[PDB]
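> Chain residues, written in single-letter form:
Number of protein chains: 2
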Amino acid sequence: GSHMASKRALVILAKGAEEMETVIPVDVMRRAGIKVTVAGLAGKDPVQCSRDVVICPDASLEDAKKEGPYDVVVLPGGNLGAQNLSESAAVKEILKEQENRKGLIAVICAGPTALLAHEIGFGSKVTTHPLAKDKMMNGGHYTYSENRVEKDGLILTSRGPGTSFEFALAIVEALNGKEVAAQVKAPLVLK
Amino acid sequence: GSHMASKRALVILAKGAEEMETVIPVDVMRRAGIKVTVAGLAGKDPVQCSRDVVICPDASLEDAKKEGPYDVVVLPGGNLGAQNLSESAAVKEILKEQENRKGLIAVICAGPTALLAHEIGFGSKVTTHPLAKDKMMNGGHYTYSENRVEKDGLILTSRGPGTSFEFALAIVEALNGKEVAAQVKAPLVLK
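In the order they appear, the protein sequences are chains A and A'. A prime marks a further copy of an entry chain. Each residue of the first sequence is one higher than the one before, starting from -2 at the first, in the deposited numbering. Each residue of the second sequence is one higher than the one before, starting from -2 at the first, in the deposited numbering.
Keep in mind that the hints were calculated from the coordinates and are not lab data. Please note: incorrect hints may appear among the correct ones.
When chains are identical, the list treats them as one kind, so a pair holds in a single copy or across two.
As the list claims (entries may be wrong) - Each computed DSS-like pair below joins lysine-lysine, with the alpha-carbon atoms no more than 27 angstroms apart: (1) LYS132 - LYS182; (2) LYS132 - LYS4; (3) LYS12 - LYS182; (4) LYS188 - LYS175; (5) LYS62 - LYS188; (6) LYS41 - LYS12; (7) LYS122 - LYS175; (8) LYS130 - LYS63; (9) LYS182 - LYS130; (10) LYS32 - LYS12; (11) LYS188 - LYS132; (12) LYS63 - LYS41; (13) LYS4 - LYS122; (14) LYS32 - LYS175; (15) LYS122 - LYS63; (16) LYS4 - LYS175; (17) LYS32 - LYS130; (18) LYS130 - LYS41; (19) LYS93 - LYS182.
Just chain A, same shape as in the assembly:
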């Protein structure tokens, strides 16, 4: 078929998610032509984020989970967002399936602690927000990195709001290649 990759992303949006860490990847991936489904963890109703920005999901996770599999599953950070994701059986199942099928998992900031909660990617080199380091490293199930973006095979992690553009472009690069990522980067006026 076509040499032009048509890819799909699942972004899981929980109450208390960091809104910048949600919107930057969604926007940047859509700029790349990735079909992104913003899926509300609890359901389809609008989601109150960490600084009270309210984002309306495209669908409930309930419904979006049925339209899998996805080329990447994306978890934003935010302490409460990460907590909610960590407590979710539905999220456990999706991550496990994604890992089982050798699909990309991309998580940022406090997000990676959801990987810890769900026993996903043990033994990976991972980064997190500096403040989430101890939580992530409790039990020594990973090797820690200070890299702004870290990609260890199909486990892609990043550090904070300030690494969100780099994180999103790394996802684009992994799904669609370097040239597509360069195209999307070009008008962003990034440093």
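Fit chain A' to the known structure of chain A by using the hints.
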């Protein structure tokens, strides 16, 4: 009264606004303790942004306009967002009042072309997204800058999604001072 500034921001959210350029300033200003009202240009219902992210306003502009004045009026970019803002009599009135009372106006990316439409801040040094330069400069009503953030008195402009953190921190600095801006910057993991 208190030596600790309690400040208020009005962010005007139009259909087709750039969602990153909306959420980054809202989040960053709220991190600073600024009371931010995300006001929907057309009303209080959820607003579809440039890459289809849907953000629920705190209020209609109709209602928020009555709770003025604000310490800063913020206009995000996005071509369609900027167009809608440029066509709005309500926005014209708010900007004029803000300029008349020597209050801050902060605009990013395509956003500054709304200043042009409304004849706001003529003779200011301003920047825009590179692609919006010609539109902004039509009629020679401003002096152009390539600075990532440009502040000419009470007219603060910036270039794109990639300058959004710098733009938001500049607003924080203008309202609450350098130390508050440093506090907010510290955990962002910015380059």
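> Going through the numbered hints above, which ones does this structure break? Give me the numbers in ascending order.
2, 5, 8, 15, 17, 18, 19
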